[PDB]
Amino acid sequence: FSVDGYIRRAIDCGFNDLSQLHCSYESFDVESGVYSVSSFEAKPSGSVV
Amino acid sequence: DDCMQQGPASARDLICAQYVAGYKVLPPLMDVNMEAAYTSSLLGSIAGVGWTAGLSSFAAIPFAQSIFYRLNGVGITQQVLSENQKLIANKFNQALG
Amino acid sequence: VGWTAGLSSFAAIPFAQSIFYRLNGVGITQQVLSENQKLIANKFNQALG
Amino acid sequence: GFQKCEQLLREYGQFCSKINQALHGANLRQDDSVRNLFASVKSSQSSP
Amino acid sequence: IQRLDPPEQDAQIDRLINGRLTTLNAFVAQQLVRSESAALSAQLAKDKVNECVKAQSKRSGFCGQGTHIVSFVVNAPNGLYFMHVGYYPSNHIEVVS
Amino acid sequence: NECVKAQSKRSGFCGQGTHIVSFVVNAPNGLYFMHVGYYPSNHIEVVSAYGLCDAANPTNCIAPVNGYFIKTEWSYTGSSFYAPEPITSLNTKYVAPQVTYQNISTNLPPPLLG
Amino acid sequence: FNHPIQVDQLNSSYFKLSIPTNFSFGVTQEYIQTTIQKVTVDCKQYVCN
Ligand SMILES: *[C@@H]1O[C@H](CO)[C@@H](O[C@@H]2O[C@H](CO)[C@@H](O[C@@H]3O[C@H](CO)[C@@H](O)[C@H](O[C@H]4O[C@H](CO)[C@@H](O)[C@H](O)[C@@H]4O)[C@@H]3O)[C@H](O)[C@H]2NC(C)=O)[C@H](O)[C@H]1NC(C)=O
Ligand SMILES: *[C@@H]1O[C@H](CO)[C@@H](O)[C@H](O)[C@H]1NC(C)=O
Ligand SMILES: *[C@@H]1O[C@H](CO)[C@@H](O)[C@H](O)[C@H]1NC(C)=O
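Chains A, B, C, D, E, F and G, in that order, give the protein sequences. Counting in the entry's author numbering, the first sequence runs from 327 upward without gaps. Counting in the entry's author numbering, the second sequence runs from 910 upward without gaps. Counting in the entry's author numbering, the third sequence runs from 958 upward without gaps. Counting in the entry's author numbering, the fourth sequence runs from 813 upward without gaps. Counting in the entry's author numbering, the fifth sequence runs from 1055 upward without gaps. Numbering-wise, the sixth sequence is residues 1104 to 1175, 1183 to 1224 according to the entry's author numbering. Counting in the entry's author numbering, the seventh sequence runs from 764 upward without gaps.
Just chain A, with the same shape it has in the complex:
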């Protein structure tokens, strides 16, 4: 949010792992490093009943 309140820039926090990093620090600029982020989930391919 800019001083005048408009949104000029944003991060989609679920787009990729880099985006998740920015969101977790609530910043567009984070320091260099190696960070753990949410795992890449396995998803169901079907169901058994």
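No wet-lab data here; the hints were simulated from the structure. By construction, the Cβ of each residue, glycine as well, lies at the ideal position given by its N, Cα and C atoms. Possibly wrong hints are sitting among the right ones.
Derived DEER-like restraints, expressed as beta-carbon distance ranges [to be verified]:
| # | chain 1 | residue 1 | chain 2 | residue 2 | range |
| --- | --- | --- | --- | --- | --- |
| 1 | B | 992 | G | 775 | 52 to 62 Å |
| 2 | E | 1142 | G | 775 | 31 to 41 Å |
| 3 | G | 802 | F | 1128 | 19 to 29 Å |
Pairs of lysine-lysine, DSS-like flavour, derived with a Cα cap of 25 Å [said to hold, decoys possible]:
| # | chain 1 | residue 1 | chain 2 | residue 2 |
| --- | --- | --- | --- | --- |
| 4 | G | 779 | F | 1112 |
| 5 | F | 1112 | E | 1100 |
| 6 | G | 779 | A | 369 |
| 7 | D | 816 | E | 1100 |
| 8 | D | 854 | B | 933 |
| 9 | D | 854 | E | 1112 |
| 10 | F | 1112 | C | 1000 |
| 11 | E | 1102 | D | 854 |
| 12 | F | 1174 | E | 1112 |
| 13 | F | 1174 | E | 1102 |
| 14 | E | 1112 | F | 1112 |
| 15 | E | 1112 | E | 1100 |
Short, incomplete list of chain A residues facing chain G, as computed with Cβ under 7 Å [what the hints assert, rightly or not]:
| # | residue |
| --- | --- |
| 16 | 362 |
| 17 | 364 |
| 18 | 365 |
We have chain A; now place chains B, C, D, E, F and G with the ligands onto it with these hints.
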């Protein structure tokens, strides 16, 4: 039993609270006489341990003799220590007394 | 490394020679170390073995 | 000592096992600390 | 239990459980912090006995203040009480060297 | 730095007994130190001097270096191992005279034969 | 209580020396932990699955 036949010593007695609250204070690893034995044997080792090279031999020398070597070792000459042995002992005694 | 003054020079000397200087430095005389070099090495070896 | 409580306590897992083990270890630590400390104060040779 | 039926009785007992579980977790966390601290401290005591008591120290400020001469040790309620005797200079004068 | 890269003179810092040499290997969550110390045994009691003075020349006195002057007349032994050897200039230092030094008048060691 | 060797003081200008006649080498073993296992947690997955 003390906490039953006499009861709590005062308000907020945390020793008697043990049997009520559900907690227990455990005894230490060594009793008092054993700990005293360790520091007593330590006292008797001081003059003869901090004396020369190596940790293997013991010089059973007077405490006073040890003090004079300790003072000489920090820069007080032997002529001074010899003239002032009673003065030094008195100052030492004042410091501890 | 544990041989003389300063941390800047390195004396590439035998381990055994180092041990004898280390023993001399704690109060065992050179006459003793010289007479007992094999005894000393054997005791050392027993300690590690 | 209330059974209803104990029944509900069980749904929190082995809570009390954790409390006891944590303190047991913490208590052993002092016996080891003391044993080591005194082993080092101990003299080899000493005068009476 | 005496006042409430199970669907509400449960909620009330559960509040007491949560509070007590919290208390015990806090207690344990502190016993672990305090025992870790005491253990580090015990190693400091170990070093002082060896550096201070069994030897004359040349390390300024390690033992007591001033120049170290001799230290003594007695037991204390939860540890050791060190008695460090140092040499304290006074009435300094200036000379040319 | 104290143990492995140097011989330590700090009692109890490294291992027990008098430190000689230490080695290091890795361990699962850290280092494993291997401290080799010197452990004395079979101690005996002997009678020692604080120092020796020439009885004829009372200001000329010696003290032992890293050892002791023992009766056996007087001889020198290293502090960690009893093994009497002659008193020589290599195991003595000249010192100021003291009341506790012995006055020797016969078998004077070479540093006092002046 | 394991008593230390008792060495008497003398009423004289001399002193008693308790001195070794024998020796051995021994090894004090010591372990120093320098690290702990490094762990990260996917907190969102842990809590909500
Ligand atoms: C080996 O020989 C030495 C040298 O003779 C001998 O040590 C000397 O012993 C005498 C006493 O037998 C000391 O002389 C005095 O002893 C009294 C004892 O109370 C002191 O009070 C005296 O001090 C006063 O006088 C001094 C004179 O200058 C003053 O300076 C001082 O401030 C006091 O006023 C005095 O010490 C003598 O000093 C010592 N010598 C040394 C170097 O200390 C030694 O004992 C003999 N060895 C053995 C084992 O007998
Ligand atoms: C022996 O010890 C006593 C203890 O008071 C002392 O007064 C006396 O002078 C001592 N004798 C010698 C030879 O040191
Ligand atoms: C030193 O102790 C060992 C222990 O067995 C013994 O075998 C050896 O003979 C001893 N040496 C002396 C000089 O007593």
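Going through the hints against the structure:
1. A beta carbon spacing of about 23 Å between residue 992/B and residue 775/G contradicts the range 52 to 62 Å that was offered as a hint.
2. Between residue 1142/E and residue 775/G the beta carbons are some 33 Å apart, a value that agrees with the proposed interval 31 to 41 Å.
3. Here the CB-CB span from residue 802/G to residue 1128/F is close to 26 Å, well matched to the stated 19 to 29 Å.
4. Between residue 779/G and residue 1112/F the CA atoms are separated by roughly 24 Å; this keeps the pair inside 25 Å, and the hint holds.
5. Our distance criterion of 25 Å between C-alpha atoms is met by residue 1112/F and residue 1100/E, whose separation comes to about 15 Å.
6. This hinted pair does not check out: residue 779/G and residue 369/A have alpha carbons roughly 84 Å apart, beyond 25 Å.
7. Restraint check for residue 816/D and residue 1100/E: the C-alpha separation of about 50 Å exceeds 25 Å, so the hint is violated.
8. Between residue 854/D and residue 933/B the CA atoms are separated by roughly 31 Å; this puts the pair beyond 25 Å, and the hint is violated.
9. Of the pairs offered as hints, the one joining residue 854/D and residue 1112/E holds, with about 22 Å between alpha carbons and a cut-off of 25 Å not exceeded.
10. With a C-alpha separation of about 21 Å, the suggested pair residue 1112/F and residue 1000/C falls inside the 25 Å cut-off, and the hint holds.
11. Restraint check for residue 1102/E and residue 854/D: the C-alpha separation of about 13 Å stays at or below 25 Å, so the hint holds.
12. Note on residue 1174/F and residue 1112/E: the hinted pairing is violated, with a Cα-Cα distance of about 33 Å set against a maximum of 25 Å.
13. Under the criterion of a C-alpha separation no larger than 25 Å, the hint pairing residue 1174/F with residue 1102/E is inconsistent with the structure, at around 35 Å.
14. Of the pairs offered as hints, the one joining residue 1112/E and residue 1112/F holds, with about 12 Å between alpha carbons and a cut-off of 25 Å not exceeded.
15. For the given pair, residue 1112/E sits about 17 Å from residue 1100/E by alpha-carbon distance, which is consistent with the 25 Å threshold.
16. Contact between residue 362/A and chain G, as hinted, is supported at the beta carbon level, the nearest pair being about 4 Å apart and thus within 7 Å.
17. For residue 364/A, the interface hint holds, since its Cβ comes within 7 Å of a Cβ in chain G; the closest pair sits about 5 Å apart.
18. For residue 365/A, the suggested interface contact is upheld, since its CB lies about 5 Å from the closest CB of chain G, less than 7 Å.
Hints 1, 6, 7, 8, 12 and 13, counting from the list given before, are not met by this structure.
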